[PDB]
Amino acid sequence: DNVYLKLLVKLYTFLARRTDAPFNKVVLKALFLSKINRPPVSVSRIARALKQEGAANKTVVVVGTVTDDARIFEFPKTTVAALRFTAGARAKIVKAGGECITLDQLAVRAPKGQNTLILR
Amino acid sequence: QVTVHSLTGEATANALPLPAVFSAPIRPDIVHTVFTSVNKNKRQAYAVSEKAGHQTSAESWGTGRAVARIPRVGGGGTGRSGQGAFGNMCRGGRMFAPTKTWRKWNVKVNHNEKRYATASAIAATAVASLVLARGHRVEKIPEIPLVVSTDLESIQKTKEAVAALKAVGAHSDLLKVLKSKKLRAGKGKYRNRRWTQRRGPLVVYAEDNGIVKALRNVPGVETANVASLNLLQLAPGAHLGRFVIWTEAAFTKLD
Amino acid sequence: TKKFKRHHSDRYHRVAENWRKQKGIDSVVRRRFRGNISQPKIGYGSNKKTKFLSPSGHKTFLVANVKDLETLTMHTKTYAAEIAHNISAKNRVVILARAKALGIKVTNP
Amino acid sequence: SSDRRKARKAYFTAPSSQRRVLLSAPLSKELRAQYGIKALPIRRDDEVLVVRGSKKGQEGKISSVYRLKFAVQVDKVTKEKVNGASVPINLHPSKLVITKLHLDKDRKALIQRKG
Amino acid sequence: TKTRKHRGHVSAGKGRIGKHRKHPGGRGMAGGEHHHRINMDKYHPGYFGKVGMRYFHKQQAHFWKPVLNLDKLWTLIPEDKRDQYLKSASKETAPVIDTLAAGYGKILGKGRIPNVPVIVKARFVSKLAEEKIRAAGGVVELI
RNA sequence: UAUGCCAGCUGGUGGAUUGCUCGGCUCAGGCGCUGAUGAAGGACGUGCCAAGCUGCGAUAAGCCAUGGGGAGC
RNA sequence: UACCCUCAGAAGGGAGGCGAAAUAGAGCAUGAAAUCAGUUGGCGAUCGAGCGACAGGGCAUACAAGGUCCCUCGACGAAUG
RNA sequence: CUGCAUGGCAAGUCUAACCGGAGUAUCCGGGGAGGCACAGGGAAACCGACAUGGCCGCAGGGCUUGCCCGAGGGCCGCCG
RNA sequence: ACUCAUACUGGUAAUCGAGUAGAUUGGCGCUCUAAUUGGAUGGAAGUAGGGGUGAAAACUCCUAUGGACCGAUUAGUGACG
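Chain order of the listed sequences is A, B, C, D and E. Numbering follows UniProt numbering, with no gaps: position 85 of the first sequence is 106. Numbering follows UniProt numbering, with no gaps: position 102 of the second sequence is 106. Numbering follows UniProt numbering, with no gaps: position 100 of the third sequence is 113. Numbering follows UniProt numbering, with no gaps: position 24 of the fourth sequence is 32. Numbering follows UniProt numbering, with no gaps: position 118 of the fifth sequence is 123.
Calculated directly from the structure, the hints in this document are not laboratory data. Be aware that a few hints might be false.
Straight-line distance between alpha carbons at most 20 Å, and here's what the computed SDA-like set of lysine to any residue pairs gives [claimed, not checked]: (1) C/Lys34 with E/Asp88; (2) A/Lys116 with E/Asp88; (3) B/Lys104 with B/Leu179; (4) E/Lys86 with A/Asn58; (5) E/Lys115 with A/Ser63; (6) B/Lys104 with B/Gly79.
Computed, partial: chain B to chain A, Cβ under 8 Å [as the list claims (entries may be wrong)]: (7) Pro29; (8) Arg31; (9) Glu147.
Quick list of the computed label-pair ranges, beta carbon to beta carbon [unchecked claim]: (10) D/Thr86 with B/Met99: 37 to 43 Å; (11) C/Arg45 with A/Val24: 54 to 60 Å; (12) E/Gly20 with B/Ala72: 18 to 24 Å; (13) E/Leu113 with A/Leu71: 25 to 31 Å; (14) B/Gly80 with C/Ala77: 42 to 48 Å; (15) B/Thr40 with E/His25: 17 to 23 Å; (16) E/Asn74 with A/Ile122: 28 to 34 Å; (17) B/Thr16 with C/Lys118: 53 to 59 Å; (18) E/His14 with A/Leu32: 42 to 48 Å; (19) B/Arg197 with A/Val24: 33 to 39 Å.
Note that the Cβ used here is the ideal one computed from N, Cα and C, for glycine as well.
The task is simple: from the sequences and hints, build the whole structure.
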C-alpha cells in the first residue's frame with residue numbers, strides 16, 4: 022500500500038468536489054477502506070447488471086480491480102476504468118465493448134459524474 | 005527504451021529494449037520485507053546453558069522463620085526458579101526463555117512474495133525521481149537504468165571505471181558515498197561492530213557471470229551479477245531505486 | 014505552579030523529586046487534605062503555545078553538532094540554539110559557537 | 009592474517025627460525041640500494057636510527073639481540089629507573105631504521121644477488 | 006503495540022496477581038466429560054464425531070475425477086475465442102481439463118448451455134449435463 | 001546554641017556509568033580415529049634453588065643426525 | 001618514588017620527586033548512588049509526626065543567555081441597579 | 001488453526017527439496033512435486049448445481065426535479 | 001467547512017471532558033550484519049548530578065568525571081528487556 026493507491030484516491034477527491042456527481046468521491050471512499058472489501062470485479066455482471074444500468078454508451082467503473090472470469094460486453098462500447106485489472110480482464114475487455122482505462126483517465130475526462138455505473 | 009553507452013561515454017549504440025519487469029509496480033513494502041528478512045538470516049546463533057540455574061540442592065525451608073517458600077537453600081538465599089527478583093526475592097534463575105541456540109535462526113518468506121520484490125527492486129531502478137530520492141546523486145536527469153556495453157566487463161582497473169563514470173555523469177554519486185568509513189555511534193558497537201565499518205551506498209554494478217573487479221573498489225559501490233542479484237543490492241536498506249548500471253548483456257535476469 | 018514533588022521525597026533520601034501518584038491507601042496527599050499540597054492535575058499551567066519556552070520567550074533548543082543549526086533563525090526562536098551537555102567541548106563547541114554568523118544566539122555557553 | 013586465533017596464535021609462539029622476521033627494520037636510503045632490499049633482519053652489529061618514540065632522531069649501535077622477545081637494544085637508548093640500575097629500553101624493530109650494517113659474515117643471508 | 010507495552014503494568018494480560026496460571030485444569034481441552042466445574046458447558050461441535058471423513062475405498066483403488074462444469078466450456082466457446090486449436094465446426098470438445106488424471110473425464114452440466122451449442126465427447130456425463138447440451142447441439146461422448 | 005535536620009561545596013569511600021576487548025555464544029566450510037611398537041592410562045621420579053603446570057624418563061624441561069632458522073638463548 | 005623529618009620499623013605517615021594524568025603508585029582510564037569527614041547556606045534547645053502539592057512571605061546566589069516594571073493624568077470601557 | 005491490516009498476482013496462486021549461474025550463506029535464472037482455490041451432496045454405492053426469472057431498494061447515475069436505471073444488499077423463486 | 005492532509009484556517013458541543021479490570025489508538029529499547037550516511041583527543045562510550053521532550057516504552061541536552069571509541073536512517077539478525 023503506497024504510492025499508486027495514495028495518488029489515485031487523492032485524485033478522485035478533486036473530482037467529486039471540483040465538479041459535481043458523487044462518483045469519484047464514493048470511489049475514493051471504497052478505496053479508502055480495507056482492501057478486503059474492494060473490488061471485486063469478475064467480468065461477468067460487469068455486463069448484465071442487476072440494476073437497469075449495464076451496457077450502454079457509458080462507463081461502468083468499479084472500485085477495485087476488474088478480472089476476467091466470464092463473457093465480455095456485447096456490441097456496445099461499454100468499457101470502463103477501474104483500478105488496474107490484469108489478465109484476461111484487459112485485452113479481453115477490448116475489441117468488443119471498449120478499451121479499459123486507468124480510471125485516472127476516468128479522472129481526466131469529463132469530471133462530474135457522467136453516465137457511469139457503480140458495478141461493484 | 006534504453007540507450008546503450010560505450011566505454012567512452014559518448015552516445016553510442018543507444019539500443020533498447022528495457023525489460024518488461026521494469027514496468028513493475030514498485031512496492032517498497034514488499035521490498036522491505038524481503039531483504040530485511042534476509043538481514044535476519046545473518047544473525048549468529050547462541051544460547052543459554054541448557055542447565056544453568058538448574059543445579060538444585062536449593063530447598064526452601066518451610067514456614068517458621070519469616071521467609072517465603074522458595075526453595076532457597078544452599079549458598080545462602082538463592083534458587084533456580086526463574087524468579088530471582090530484587091528485594092526479598094533472591095537471585096539465581098532458571099528458564100530465561102527460551103533461547104536455545106538450535107532454533108534455525110532464519111526468516112519466513114513466501115517464494116512469490118520474494119522474487120516479486122526482486123522484480124520490484126529492479127523495477128524502481130529505471131525511474132528518475134525515485135532514483136534520486138533516496139540518495140544517489142547524478143547529473144543525468146535522463147533515463148537512469150544505466151546500461152553499458154558488453155565491454156566494461158573487460159575493464160581491469162578502476163580509474164578507467166572512473167573515466168567512464170565521469171563521462172556518463174553518474175560518478176558524482178561515488179563522490180557522494182561515505183567516501184570514508186564512519187564509525188557508528190550507538191549499539192552495534194558491541195556486537196557486529198558497525199563501528200567505523202560503514203559507508204553510504206553507491207552505484208551498484210550488474211554484470212554477467214563475472215563481477216566487475218575494477219569497480220568493486222570504489223567509494224560505496226557493490227558489484228553483482230544478473231544471475232544472482234538479490235533484493236538487497238538493488239534497494240540497499242529498504243529503499244527503492246538505487247542507482248544502477250547494467251551491462252548490456254546482463255540486461256536483467258529478464259526471467 | 015507549586016513544585017510538584019512526589020510526597021516524602023524530602024523524607025527518605027533515595028526517593029527523588031520526580032513525582033508520581035500517591036498510594037491509594039490513606040496516604041495524606043492522596044485524599045487531598047491540606048498540608049500535603051499537590052495532586053497535580055490538568056488545569057494547572059501549560060498555557061498553550063508557550064508550553065516550553067525559554068523565559069526569554071525564545072523556543073530554544075537542541076544543538077548537538079553544527080548542522081543542528083541549519084537554516085535556523087535567531088529572531089523569533091524558530092530555532093534558538095542551545096548546545097547540549099554531552100557535547101564534546103571547546104573543540105566542538107567552537108565550531109558550534111561561531112554559529113554567530115547566521116544570526117543565531119546560543120545560550121551558554 | 010586476521011583469520012582468527014591463527015595469525016597470532018602461531019605467531020608469538022613460533023619458531024626460533026621464523027622470528028628472524030618480526031625483527032626486521034628498514035635500510036637507509038643508501039643501503040636500500042647497495043644491495044636491493046627494503047628491510048633487513050637487524051643484527052647486533054648494525055647501526056640504527058631511532059625515528060620514533062622517546063628518542064627520536066638519535067642512534068647508536070644495536071648492542072643487543074632478540075629471540076623470543078622480538079626486540080633489540082640500542083646504545084644508550086635508555087637510562088634511569090627507580091631501581092637505580094640503568095636499563096636500556098628494548099624497542100622495535102618497526103620504529104628503527106638501519107643506517108649501517110655490519111656483515112662479519114661474508115654472506116649475510118644473501119643480502120646481495122637476491123632472487 | 007499493546008503487547009509491546011508490558012512493563013508499566015503489573016501483571017500483563019489479565020489483571021490479577023496469582024492470576025491465570027495453569028488452568029483451568031487437565032491438559033489441553035479438559036476431559037470431554039463432566040468435571041467438578043472444570044470443563045463442560047454443553048457442547049456440540051463434534052456431535053457425531055471422529056474428526057475427518059474417510060472412506061476405505063476412498064484412497065487408492067478409488068474412483069477419481071477430473072470433473073468439468075458446463076460453464077467453463079460455454080464460457081470458452083462460443084462467446085469468447087479461446088483454444089483455437091481443437092476448434093472445428095461451430096464447436097468441438099476434447100481435453101480441457103487441468104489434469105487428465107485418469108478414471109475420469111466426465112462433464113457435469115450446470116450454468117446455461119448449450120448456447121454454443123457445442124458437441125462434447127468425454128467419459129460419462131451427468132443427466133443434468135446431457136440436457137442443456139443435447140438440446141441445441143451436443144451429443145455422445147467417448148464411446 | 002550545643003545534640004541536630006535539609007541542600008550544596010572540597011576530600012574520601014564505593015565501583016555504577018561511558019568508552020575499550022586477549023573471552024564467550026552461534027552459524028558455516030573442511031577434516032576425522034588413537035592403543036599391547038603400551039594409547040592407552042596411571043604411579044614415581046627428573047631443575048642450581050622447584051610447590052603447581054608442561055616436558056621429559058635414571059642419557060630424565062633432555063641426547064644424536066639431516067634440513068630449516070639465526071644472534072641470541 | 002632519590003633525599004629529609006617522624007616511628008620499635010625495609011611498616012605506615014608527612015614533605016618531596018616522575019608523568020598529560022598518581023582519586024594511573026602495584027588485584028594500580030572514566031569515577032555515579034547509598035554513605036563518611038570537614039565546611040557553606042537556611043532552620044534550631046516552648047515545641048508535634050506520610051516528610052509534600054498549590055499559593056504567598058524571610059533569608060541565601062557580576063556578565064551572559066530574559067526586558068520589563070511603578071506613579072499621576074488621560075483615551076477606551078463588558079457584565080455590573 | 002482462526003482473524004485483521006498492508007502488498008503482488010488472479011479463476012487461479014505459491015513453490016518445496018533440489019539444479020544452474022554468480023558478485024558464491026545474499027543474489028539472478030530454473031524447478032509446479034505437491035498444496036489450497038476452481039462443486040456439492042451422501043456412511044457408502046453413487047448422482048451431480050442460477051455466466052440470473054421476479055419483487056423491494058442504499059449509494060451512485062439519468063431526467064423535463066417527483067419519475068426512471070438501480071451494482072452491492074434484502075425478500076422469493078429455481079436448481080444439485 | 002476548506003483541504004492530498006489526521007498540515008492550516010474558520011465553525012458547532014445546553015444536549016463533550018471522573019474511572020479499577022479490560023478493548024482500541026497516537027507518541028519503544030538491546031546485540032551483531034549490510035547499504036546509505038554522520039560524530040570523536042577542539043574529548044567517544046560508560047558513570048554521577050542536573051535541564052528539555054514524549055501519555056509511555058524511551059529520546060535528548062548541560063556540568064563534572066573518563067580518556068577511546070560512538071551513532072542515525074533503511075533492511076536484516078537474535079544466548080533481546
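*Within 20 Å, alpha carbon to alpha carbon, are E/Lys115 and A/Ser63?*
Satisfied, since the Cα-Cα distance of roughly 19 Å is no more than 20 Å.
**Message:** Next item in the hint list is B/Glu147. Is there a CB on chain A closer than 8 Å to its CB?
**Reply:** violated, 20 Å
* Within 20 Å, alpha carbon to alpha carbon, are A/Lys116 and E/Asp88? -> Status holds; Cα separation ~18 Å.
- Would you mind confirming whether the straight-line C-alpha gap from E/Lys86 to A/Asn58 stays at or under 20 Å? violated, 32 Å
Are the Cα positions of B/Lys104 and B/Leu179 separated by 20 Å at most?
violated, 45 Å
Report holds or violated for the interface hint on B/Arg31, using the least CB-CB distance to chain A and a cut-off of 8 Å. holds, 7 Å
Given hint B/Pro29 near chain A, where the shortest CB pair must fall under 8 Å
holds, 7 Å
Between E/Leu113 and A/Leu71, is the Cβ distance one that fits in 25 to 31 Å? Taking Cβ atoms as reference, E/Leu113 and A/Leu71 lie about 26 Å apart, which means the hint holds.
**Message:** The hint says 54 to 60 Å between C/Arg45 and A/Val24; measuring C-beta to C-beta, is that right?
**Reply:** holds, 55 Å
A range of 18 to 24 Å was offered for this pair. Does it hold for the Cβ distance of E/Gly20 and B/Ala72? holds, 23 Å
Run the distance test for C/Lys34 versus E/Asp88: straight-line Cα separation, threshold 20 Å. Violated, at about 77 Å.
Does the Cβ-Cβ separation between B/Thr40 and E/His25 fall within 17 to 23 Å? Given about 35 Å between the Cβ atoms, the range is violated.
Hint compliance for this structure: hints 1, 3, 4, 6, 9, 10, 15 are broken, all remaining hints hold.
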